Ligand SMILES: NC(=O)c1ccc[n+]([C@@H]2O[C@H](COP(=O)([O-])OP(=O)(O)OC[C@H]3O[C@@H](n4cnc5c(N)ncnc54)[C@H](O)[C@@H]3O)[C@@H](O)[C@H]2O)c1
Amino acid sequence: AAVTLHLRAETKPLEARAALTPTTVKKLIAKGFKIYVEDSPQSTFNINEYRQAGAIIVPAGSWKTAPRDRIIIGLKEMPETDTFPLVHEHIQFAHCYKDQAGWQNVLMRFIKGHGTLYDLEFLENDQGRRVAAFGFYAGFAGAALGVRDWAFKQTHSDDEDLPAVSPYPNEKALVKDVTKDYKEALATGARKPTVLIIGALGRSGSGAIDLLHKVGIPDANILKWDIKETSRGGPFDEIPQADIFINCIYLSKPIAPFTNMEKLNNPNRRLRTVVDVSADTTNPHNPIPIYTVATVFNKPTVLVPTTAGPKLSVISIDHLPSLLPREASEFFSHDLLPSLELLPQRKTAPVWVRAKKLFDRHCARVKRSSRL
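Chain structure, single chain, in the form solved without ligand NAD:
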């Protein structure tokens, strides 16, 4: 009945997060788990932390020849160039349940190997809430970058953009950098910014608020909006009037937009920076219809081409957690831990059964001559 878990090294480029951290490895061993951890030079964690936490350290890629009873756990996808049979039970985000390009081939690997995929994205408690997601640090990182861009606009001319950003080793280091930029902006005479957050009550919302407090933005300067306020229906006057607008709500139905080029095109607009934490380029009904580009760490902002008012930019990065890969891992892995403790009963425990049955359903959709 004792479970062996094998933490696969991520092979997705620049993926520095991990599904189990040294702290959660340690708790799982205390609970009688046996844990192997692959050496991962891309991981934000040093291998030696897992060593001290009691893991058995093995080479990157060693899961491929591991005994068939080991549960292989990772965060992100397999190399699409690998085509060999998946024989193990795997725990990971596989991004193949939503008709993604190549989704059938993903599943064909498991089918051919008689392996099982328990998809992280669809582990839910009995009320159907996801047990583990990356919201909080998405909102934290997003806010951090909106302050940096707002501050950047106070200290540089419009013909310059916020430079390339990089992941940080810990939250303290991010806060200190944001704070430095921010104090420099205030030294020019800029007043302390007001920030509108839409979706203030979810985890991303709370992350954004937490960042602003820690940077020193007065609580009075933060307009904390959720459904109560947005159901009134847009466009919202409060958006061009804020210095920074952080959106944390995903909306994809044909409703009235939060704002538009018409409301933005105005010499009295104070808004300098929009961080769309929910940004999704494939949203048919983007409620902030002012940008088409999904921005990235090497080029984190895109101009909104206004015809009046100060220079205005959008941050639409869709991997904001990756700015703080250590804290993002810790929180995700902590939240995932009670479900991992149920792995000895995964044949019957609904959290695991839901994920297995769902795998089988998506598998049934795959119609291939090679299965005859």
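Positions refer to the first chain, counted from 1. We call the rigid core whatever largest set of C-alpha positions still superposes within 1.5 Å between the two forms. First, how it differs from the form deposited with ligand NAD bound.
- Of the residues checked (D126, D158, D219, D237), the rigid-core alignment between these two forms shows a Cα shift of at least 2 Å for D126 alone.
- In the core-superposed comparison between these two forms, the C-alpha atom of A173 has shifted by less than 2 angstroms.
- Relative to the superposed core, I255 undergoes a Cα shift of 2 Å or more between these two forms.
- Taking the rigid core as fixed, one finds a CA shift for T188 smaller than 2 Å between these two forms.
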The other form holds:
2 protein chains.
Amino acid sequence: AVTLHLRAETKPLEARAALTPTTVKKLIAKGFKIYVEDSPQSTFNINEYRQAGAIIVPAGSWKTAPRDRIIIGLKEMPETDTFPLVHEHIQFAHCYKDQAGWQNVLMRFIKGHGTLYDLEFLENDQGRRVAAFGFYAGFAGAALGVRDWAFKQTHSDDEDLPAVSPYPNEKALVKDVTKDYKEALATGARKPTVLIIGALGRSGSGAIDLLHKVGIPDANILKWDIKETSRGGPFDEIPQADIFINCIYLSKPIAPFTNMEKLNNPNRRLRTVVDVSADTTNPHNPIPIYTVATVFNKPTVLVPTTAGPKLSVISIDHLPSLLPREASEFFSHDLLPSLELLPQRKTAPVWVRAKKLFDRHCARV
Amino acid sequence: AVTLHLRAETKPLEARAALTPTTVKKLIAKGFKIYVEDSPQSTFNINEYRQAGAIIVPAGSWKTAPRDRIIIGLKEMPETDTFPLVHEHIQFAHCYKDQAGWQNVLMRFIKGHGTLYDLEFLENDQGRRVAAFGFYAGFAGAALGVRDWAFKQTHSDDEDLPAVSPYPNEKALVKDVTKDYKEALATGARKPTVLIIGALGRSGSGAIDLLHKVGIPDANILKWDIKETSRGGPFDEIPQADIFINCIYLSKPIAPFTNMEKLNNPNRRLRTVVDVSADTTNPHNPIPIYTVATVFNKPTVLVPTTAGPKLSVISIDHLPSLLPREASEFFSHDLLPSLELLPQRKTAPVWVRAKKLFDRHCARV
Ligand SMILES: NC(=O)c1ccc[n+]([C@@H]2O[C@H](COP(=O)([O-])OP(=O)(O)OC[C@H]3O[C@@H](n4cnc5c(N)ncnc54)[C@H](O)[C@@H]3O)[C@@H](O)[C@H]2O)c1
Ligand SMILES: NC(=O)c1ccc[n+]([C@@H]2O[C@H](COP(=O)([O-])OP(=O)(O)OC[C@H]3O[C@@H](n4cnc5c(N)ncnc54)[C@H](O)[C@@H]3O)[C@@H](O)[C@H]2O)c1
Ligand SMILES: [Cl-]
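What's the form deposited with ligand NAD bound like, now that we've got the form solved without ligand NAD?
Entire complex below, previous chain first.
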């Protein structure tokens, strides 16, 4: 009879939810009791949770909720808040990797006799995260990649892709990319060849998924993972592709995929780099041709080349925000097996690892 | 505007389908035209396919269907069919690994100018299968493993687990297993510990799923993969578990996981071994404790031991046939993205690889 209480998000702009109406309903089928906070920034209507069996409660009511409820939320809590945290919480606390005030954070739990299970460290036994936002970052990344290539075909070099905003569902995004894509083809541009390094992961998968839905031929989509890069870069297949999408979780050092001298070639076809990895400050960044982390309001940045057509990078570090409903559905569904195991949290190693990680980190203050 | 024609299976006791009413409905929405044969032996009611929007046609219609329709089936043609095969066919034809009659099968295509796209060699660019039957193999294996362990609590050593028969659905199989599991716990047996090697793969995840659905604590389920076995065998944890489920894909020699010397021990708790891999014939076999390939009517074989309690092996090589419905849903769902590229089969690499494989084996006659 586990009880869960979905905290409304307070980080501004944040529209994703850690439980969606669909998983709330699955959870109720399993005998969970579920409270959901009314949150007007959430991309899900409160009515959808109500049809699903949720008990609707006011925003912020977690604070005064009985200490049997598990508080589940997605992003970290207000800085303004300094009161002791008494419940077990599930959330991204962003305090395990020395982000300043991480001690304040843990202090509030220590003083409350409260527990943090950190979404970011829910792993299976082999070290893979159970729930991440990969797919839709890759999906959204690819989609702006296409809109950027398309914009370069229909507008002069001195206009940049304008400021982009989130979409209420996937079908609305695909229609808009599709429209821009068809406009590009009317100018006589060749359909893009799109190179994806790291294609077998979550984001690679989403990228590929977007491209199909948009209508780029399958043979136009090159799908590289470990074995295709193993010789080491730079790779000639990068300047030659129209769009290059870097998905990939960087760990090892690794040689660069491409560099300024290979890209300064008047035979270069590459219009658009979409760095889903966005490991820009890393000293082994496989694509060191840019520095700016782009954002929604300014989604692309020029790569100053001496030769070839105008080349731009997308390096948004918050891509799944483009599609909050779908990023929330896939993530909640990724999380749900482990949620089903909350009645066993005191012995299930997914939950025990996360409690021990918490223990290890409190010992550090 | 592809047309697909779902052929009725003729292989004795084959109840699965390559397309389910559910993927038919998704394919129709992408603008495919789908005809479904009305099947005596299929686990789906023809109404389900009719209400998904298939056109219903008699058994055997594919034989004279126009050559615009792609004929999709699951298993092999009757050995006794000799007429020329004129269509594009998608199925498991089993003639690429030199099975007796492989030329005869190919000859039927050569005489007819047909084309085989073999379901078994449908793979991505990194050489991994797009669609296999792993999950419900592991799920059905685990059910049978838990049901054997339990039988050994409630019955005597001279009795073996009774013959099993396909189930109409998951819930039914789960209700049986749960009941037998509940009775076994009344005898004061310890909740079993189940070790799964190959846990991360398709069959591993199926095995984990069943175990959860029957209420085996997550902490009792030891989920091992490539990392956990690198030190190499034998492994002391195998004799110490109640149940061991081998879900590995075996691709090179590796030291055995266990052996009779280690099994021949007063202290051993291991009661039931489920070899889902069922690589009995292979020299690399990592559990060579048994020689017999068990079957539904006789699903365990005795392992003779000189010490410890009664031990059995389950080595059924057609586990997915016990849940033909679910097995079909999961297969058809995995194959679905590939079926969506059929308009592009002449250039989509996944299909071009299969056409290429076919032209290679044809040249061989
Ligand atoms: N920009 C964003 O908004 C955003 C959002 C979420 C995640 N991410 C980031 O995206 C990256 C990947 O996410 P993911 O979930 O898809 O990881 P993932 O593990 O699922 O995929 C990583 C893939 O890249 C492959 N790979 C690793 N190194 C490689 C190399 N040298 N050459 C070729 N292939 C290689 C891996 O084998 C794997 O298939 C991570 O850095 C993640 O933090 C970014
Ligand atoms: N018995 C049946 O009815 C039936 C039906 C389908 C498949 N299978 C068999 O199932 C086996 C696996 O099927 P799958 O779809 O789960 O394969 P899979 O590739 O999806 O997963 C195989 C897993 O084994 C792991 N692994 C490989 N070698 C290992 C080792 N030495 N130690 C530990 N882990 C190892 C891999 O990392 C992978 O996670 C295959 O041999 C297939 O032939 C049997
Ligand atoms: Cl073209």
